[PDB]
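Colleague: Let's have the full structure, built from the sequences with the hints guiding it.
There are 2 protein chains.
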Amino acid sequence: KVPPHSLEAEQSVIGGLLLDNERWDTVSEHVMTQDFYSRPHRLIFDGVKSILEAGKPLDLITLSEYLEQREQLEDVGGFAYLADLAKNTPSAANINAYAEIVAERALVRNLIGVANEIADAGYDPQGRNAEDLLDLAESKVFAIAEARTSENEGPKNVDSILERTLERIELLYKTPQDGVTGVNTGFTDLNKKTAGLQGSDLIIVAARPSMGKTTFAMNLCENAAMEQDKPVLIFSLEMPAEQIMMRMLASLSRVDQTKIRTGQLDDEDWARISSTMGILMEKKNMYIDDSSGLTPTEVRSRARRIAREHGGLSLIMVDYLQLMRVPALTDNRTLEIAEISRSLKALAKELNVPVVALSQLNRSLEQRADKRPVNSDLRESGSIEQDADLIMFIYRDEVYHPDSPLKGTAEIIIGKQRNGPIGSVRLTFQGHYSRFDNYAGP
Amino acid sequence: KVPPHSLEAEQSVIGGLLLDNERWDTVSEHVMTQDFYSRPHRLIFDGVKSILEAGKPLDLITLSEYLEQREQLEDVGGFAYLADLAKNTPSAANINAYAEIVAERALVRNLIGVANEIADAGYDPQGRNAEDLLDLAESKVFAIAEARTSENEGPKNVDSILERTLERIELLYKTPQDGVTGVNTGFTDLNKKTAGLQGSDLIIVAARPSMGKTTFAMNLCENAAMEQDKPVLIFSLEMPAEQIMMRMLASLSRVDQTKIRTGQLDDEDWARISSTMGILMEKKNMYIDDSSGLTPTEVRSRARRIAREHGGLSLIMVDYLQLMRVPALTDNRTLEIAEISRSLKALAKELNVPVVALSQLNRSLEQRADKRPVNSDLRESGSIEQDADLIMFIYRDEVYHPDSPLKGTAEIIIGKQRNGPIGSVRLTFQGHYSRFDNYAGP
DNA sequence: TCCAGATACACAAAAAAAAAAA
Ligand SMILES: Nc1ncnc2c1ncn2[C@@H]1O[C@H](COP(=O)(O)OP(=O)(O)OP(O)(O)=S)[C@@H](O)[C@H]1O
Ligand SMILES: Nc1ncnc2c1ncn2[C@@H]1O[C@H](COP(=O)(O)OP(=O)(O)OP(O)(O)=S)[C@@H](O)[C@H]1O
Ligand SMILES: [Mg+2]
Ligand SMILES: [Mg+2]
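Protein chains in written order, with full-length UniProt numbering: chain A, 22 to 463; chain B, 22 to 463.
All clues given are correct.
Identical chains share a label here; the pair holds if one copy fits it or two copies do between them.
As a list, the in silico EDC-like pairs of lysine to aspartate or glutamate whose alpha-carbon atoms are at most 16 Å apart:
| id | residue 1 | residue 2 |
| --- | --- | --- |
| 1 | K305 | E248 |
| 2 | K370 | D222 |
| 3 | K304 | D180 |
| 4 | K437 | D222 |
Quick caveat, the hints were computed from the structure, so don't treat them as lab data.
Modeller: See the structure below:
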């Protein structure tokens, strides 16, 4: 059988070395003298490496002269073969890939050789017992695997990591940026715990029906759009853009939502609406997608298109993740939810922007004495919680207990945070404006 | 009869990608792997997609070594075909102009394949009737259309949404309608707290057996048909049309239902019935369907036919949504109910008409000291409570406590309203006339 | 693999009773 090898890869490596000299540093750290297969190729590579290490400039003429000095010019095919190799070079940009291919082929060939060597033993014990045969397998495989080393995926001593951490904390002494390092939510208490909405993270807001989930997410997105510079993308798979716009106008302009919807407004309400209209038309930092049944690929494509068009994004909202469709798994729901969650996390990591994805809760919450949500109430949510960087629930006590002393107030439960504290935050809820607010009072 | 294809477009796309890899972002959004016709081109495009999706450089050597690793370089024609493909492409100036050609050719080929398949199925009925063949053809054509119905959809900015919202608000403001902008329900407090039954919404009425769901729904439908000009469509999956007609006659004529059903009637009752018949024949805005076991597609088709024949509809009634069935999801009841609710919501959104979906309640209510229904008591109802826009419960206290001070009275609880307040409304219930009415006392 | 409906045993226990404390 033909051993695995790529002569074209070796020719490309030689051509790239001849044509380009500034990239020798990267090539020198990936290939050796014994990695090449063809003997004339080995001689040519040895000569080129010797010339390059000698410090002399590399060119076809000097390479031919050096080969003639050792009388190996005719052995490697002559000057014509070298000229053909130089002419057949595709480009010098991808010499690293060629070197990696050559190294991989050498590794697999040596592994096959070691396998044949161990296989030969056993057909001729030569006095060795089973224990000796077992022992002289691990040593050979470890020898053939030790040549490759992870870079830099290796254990590190405390000195380097401690020095890097000291450097990090020394530069962070200046410019505190008032605590928040990501996207300002607008609520001081939640800013203290979450330290803003960090990028490359997945944030999940979940609650029972009619709790204030879409309102909370829209408030966060509106504050981000008002403060930040890059646009904020919203995927409204539940409601049309008209209703979201009416809610935003009611929230910003301090105008009753019902009067806006029914068209019963006085002069002051119109003045407030005109002011917020002027502000919104001056900003131009909001995008709404009202399409239904979007697949993860479509969401990714549209997000990438917007990001490339405007150079970046600030925040992405999905409402909600259970309404997305994966046609390849229409016969299974749990796997579909897992794929949706993994795709959302991958998109968040790729675009380096936070993604606020909403979710629903199971009906087991209301069949218990205590109605406070937990992490198990999310529907089909092994993956929903496994790959979530922050889970925030919404709980209003006045819904279940009409006589509760916490009327006109809501609690945000941080059920999970990888690098932050957890707890509860109390916020004032004003439904007629579709707005949350800081708790000025007790 | 050669199926449509264009090898030149595929070769141009592959050559443009090989020459410059920086335009893969635009190309990946237009042409996929399966759009190609020739199998070697499909394999080479799979290899190109695999190489470029990870960001690694793509060239002749990389693609050739990737194809050779899986014994697939012989099928595509070897390195010679790849070299010819790379050489034959002058430049990638209009690379985006060939992906559309490939996509449209693939779409035409799929359409003609489906057209041949339907004819072949028609030539071999295999025991299927013509109705089944027509249904299959319609389903396949709809599935084809849904994939590429339009391309103008996408993330829109805030300017167009603001302009449309301002136009709608001004239109509503300039035409006062006594505070109700939707279909009047006939009850003053309910209209005040609901502003009518707004269009493009899903409304659910739920109560325990023998509480008044059908009576309340029929009262709403009668009032809507009496005031509106467009007709009202009623789906009666439970009771025959004769019983509903008798109940409606009793409600409108103010005549005992038992006397009408049995036949012992006086002269004043006959006079009132004659007046009601005259009014009904004068208006004639009612359509009653009494078929059982209807799939969502059948009700959608009937509603479309009625709306097309009469140029619009004002109200659609389903009683009740647990009687509808999807034959493809018989093995799971929860998914079937979710599909029914989703289909009802989609129909309401499409036709721009309020839809009343009567629902039952679970038996977990009877185990509580408080018999007032909650949103979680609906049967098999994740989507029922997560998709509705207005939930109205019916609760009569005299059924549980015979000597209540609220005898001859009923309470309606608005358990959920996405864009409105929640509360309760007290109404007078007259069983012998099978109708609700306004309440004047405290 | 989750969601939803329903019969039955067991945990006390929960309050209420209530005895009785006052
Ligand atoms: N004018 C108003 N006055 C008082 N409460 C209101 C008013 N308008 C809306 N609300 C309430 O505000 C809340 C809004 O709920 P949302 O957060 O928008 O919906 P949701 O939480 O996403 O739940 P879904 O999507 O319907 S399952 C509801 O509880 C409404 O009853
Ligand atoms: N002549 C009458 N006198 C007194 N009560 C009456 C009379 N006729 C009807 N009723 C009551 O009015 C109710 C009518 O409500 P219905 O519409 O039958 O309830 P329902 O929701 O349809 O029950 P379902 O369909 O089985 S879930 C009856 O169940 C009786 O309780
Ligand atoms: Mg919502
Ligand atoms: Mg009924």
